[PDB]
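Removed from the display is one protein chain of the complex; every other protein chain stays in position.
Chain naming follows the written order as A, B and C, and within any one chain the residues start at number 1.
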Amino acid sequence: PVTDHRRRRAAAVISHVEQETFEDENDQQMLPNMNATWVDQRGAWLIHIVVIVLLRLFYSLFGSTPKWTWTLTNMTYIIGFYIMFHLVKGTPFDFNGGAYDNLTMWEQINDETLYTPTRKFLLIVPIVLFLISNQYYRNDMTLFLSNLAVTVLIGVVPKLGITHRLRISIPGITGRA
Amino acid sequence: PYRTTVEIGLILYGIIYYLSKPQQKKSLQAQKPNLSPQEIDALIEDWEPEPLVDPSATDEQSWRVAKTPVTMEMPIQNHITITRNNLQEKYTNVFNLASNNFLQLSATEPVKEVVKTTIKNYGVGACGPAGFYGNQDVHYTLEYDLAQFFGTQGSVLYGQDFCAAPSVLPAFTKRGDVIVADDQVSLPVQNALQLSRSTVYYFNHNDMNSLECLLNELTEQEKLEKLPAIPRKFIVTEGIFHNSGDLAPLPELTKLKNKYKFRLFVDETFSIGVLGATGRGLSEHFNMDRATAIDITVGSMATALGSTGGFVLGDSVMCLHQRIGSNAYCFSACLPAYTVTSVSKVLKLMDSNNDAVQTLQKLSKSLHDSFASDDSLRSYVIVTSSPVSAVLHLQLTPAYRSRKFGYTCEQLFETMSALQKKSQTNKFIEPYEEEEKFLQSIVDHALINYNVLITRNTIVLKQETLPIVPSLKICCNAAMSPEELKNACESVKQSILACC
Amino acid sequence: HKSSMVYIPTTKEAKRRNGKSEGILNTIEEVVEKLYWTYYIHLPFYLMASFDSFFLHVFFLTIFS
Partner (left out) sequence: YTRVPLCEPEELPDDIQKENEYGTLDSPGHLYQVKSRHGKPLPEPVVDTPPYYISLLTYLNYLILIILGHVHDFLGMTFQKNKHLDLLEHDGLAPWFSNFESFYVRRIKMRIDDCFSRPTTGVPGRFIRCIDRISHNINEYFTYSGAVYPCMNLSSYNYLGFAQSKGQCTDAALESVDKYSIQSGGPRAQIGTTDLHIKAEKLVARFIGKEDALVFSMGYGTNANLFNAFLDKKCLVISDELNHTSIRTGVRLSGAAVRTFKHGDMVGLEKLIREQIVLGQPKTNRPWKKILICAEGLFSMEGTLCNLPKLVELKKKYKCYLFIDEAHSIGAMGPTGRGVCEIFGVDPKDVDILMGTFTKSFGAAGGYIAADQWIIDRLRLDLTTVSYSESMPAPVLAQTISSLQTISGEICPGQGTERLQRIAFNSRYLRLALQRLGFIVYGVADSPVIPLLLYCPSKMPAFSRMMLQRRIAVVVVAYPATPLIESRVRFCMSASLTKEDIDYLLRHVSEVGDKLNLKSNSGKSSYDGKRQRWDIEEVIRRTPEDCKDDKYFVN
């Protein structure tokens, strides 16, 4: 081969994505991403609060007990955020040749800058939500444990300094570099 | 107790994350530690850049511009009057053998009348992009006519032929794909391969064993890898080579692509309008069907059809994808109307009668037989063109080149590769320039002594990636008479013998 | 100077003046319907549009109760 442009699928329990070469990194990432640029814009921080309020109202219109409304809104918001951000790997439209085929949106936010104000806000929101919501199901221990597990294992662990570009081959042999 | 402690634990970590590092960056490929501001300005003031363009070798390489012929107030035809060296030398009534137009059907009266009517009723400028009120309901007619004439499902137009291949191939390939291409493709194909960003392999020029072995090894490796999905694969070649002039064995390629599940991409710039009983293309030559034999076909309208532009042929899905996935199609203006109408009229005329193709084939065969069976030129030059080709290519024997200039093709190729790899500012090679000067001297001698104009292969060695050598080219067209061509062949042979 | 161009009369100007003179008791409903339709995503839909309009009417009835 005179170019050697191949994608590897090495198999290991814990693995990381390789650093990009000069051609892939310095040259193929020059134009705006158009996928994570919208995060820092006008009115892009109140939408989360609006969504939470609308979800709470919608779940309250059914007429359930106070505990179940809060549990349902917590779980649905966290699951939706995880599905939108931390699940898909790639971009919905060709960028240059497929340079962003191994990074999620959370890893594409702010051009791979670890600690930015928007990331701090997006990590602070779940903690405040849990602290507000837990006052309504303190008596029941099972609901407390389930909500704590959902908040920590899904809404906090993926957002860490560690577990960045981290891959596990249990659900499938992933493609790194 | 237990409940209170958990709440405090989450709160405490939120403060630490808020008071994190000062926006830690990403580890790039270059970095330098901190140093005092005061000594930074010394580095800024000590920087010395290079000139935008190197003027050192301009004077020695400037003889190419002064030798370019210029036509004086008449269309390019068989007999022209030319001036050279800023009107310093002038020649009148010069026989021409350096025109790419073969059929010469675009100079007839009906085409001129159609062009005049289209100009009167439509204008000269398209004035709009492809998607913003650009189509002038003649582009659709031309597309339908091309699709019906060439026996396919659809065709897409392009403003320029040189920017057709580098715009369609990258749209269907990305990283992780496999492309197998011949080692004699032209410059636009090389640019398309470079912009494709995919794995590229090379096999020997017209050798089926190498292609079969490469395909077998790749298929075995892919089967062993057990990939979740099947990547896209392609085979790249062309009908008649622009630098050599040979032909492609279509049946073997079809059999191999059917056996190993590949796809075929073919450039037909020099084959459309010259091969086949009527002129359909390469498929008619071997008595096959273009619908199944070839998957992607690229053609140009300027060589023989007589108007600027190009086209890409295929099925409905590919054209629909190209409508939005081609950079050249989306971000460029539409083609004018008179060219479209003239091309449609030429297609109708070619469908009506097929005498020009027969005359062109007879002339090409006669020229090849004249320059193929001469024994006095055996020790000096060789012919590297197929008998069915309409352009004759002549090269020098390796023994003569080694005797005179003392260099070989492999050494030149490796020297150029090393210079390109090291990224040198100045790239000058002496024996190549000497050989080019010798060929230009031959051409000038022929033109001065016998009033016959022939061309020389104009290439830029810096942009080339594959081996190539200078050569001479002779063209033909259907409008000439056999007597003049017969006289010109002997004249060129005499000039070649006299120069050597 | 005359050109072969046809001019469409403007509504509320020689359109609702000469032909007919009825423009009352329907402006409010038209405005409400236009606002409701334009401020919600309906045109890029096909028959999930019906399902969503039913959803919103149901929220309305239940919440009003």
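The rule is short, and it goes like this: contacts are C-beta pairs under 8 Å (C-beta built on N, C-alpha and C of every residue); 3 or more make two chains touch, one makes a residue touch a chain.
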| item | value |
| --- | --- |
| Per the touch definition above, residue among B:261, B:362 or B:365 touching the missing chain | B:261 |
| Residue of B:3, B:25, B:26 or B:116 in touch with the missing chain, whole complex considered | B:116 |
| Hidden partner chain, touching residue among B:15, B:16, B:19 or B:52 | B:52 |
| Hidden partner interface residues of chain B, rising order | 28-32, 40, 43-44, 47-50, 52-55, 58, 61-62, 64-65, 68-76, 96, 98-101, 106-107, 111-112, 115-116, 119-128, 130-133, 135-138, 140-141, 144, 159-163, 166, 172, 187-188, 191, 194-195, 229-233, 261, 263, 302, 306-308, 317-318, 321, 324-325, 327-328, 331-333, 335-336, 338-339, 342, 423, 455, 458-460, 462-463 |
| Positions on chain C contacted by the hidden chain, ascending | 1-8, 10-13, 34-35, 37-46, 48 |
| Sites on chain A contacted by the missing partner chain, in the whole complex | 22-23, 26-27, 30-32, 34, 37-38, 41-44, 46-47, 50, 88, 90, 92-94, 96 |
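Heads up, the rule we're going with is that only the chains that are shown with their structure count from here on.
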| item | value |
| --- | --- |
| In the complex with chain A, residue positions of chain C that touch it | 59, 62-63 |
| Residues of chain A that touch chain B when the two form their complex | 1-7, 9, 19, 22, 25-26, 94, 96-98, 101, 111-116, 120, 123-124, 127, 130-131, 134, 138, 144, 148 |
| Footprint of chain C on chain A - complex, ascending | 61 |
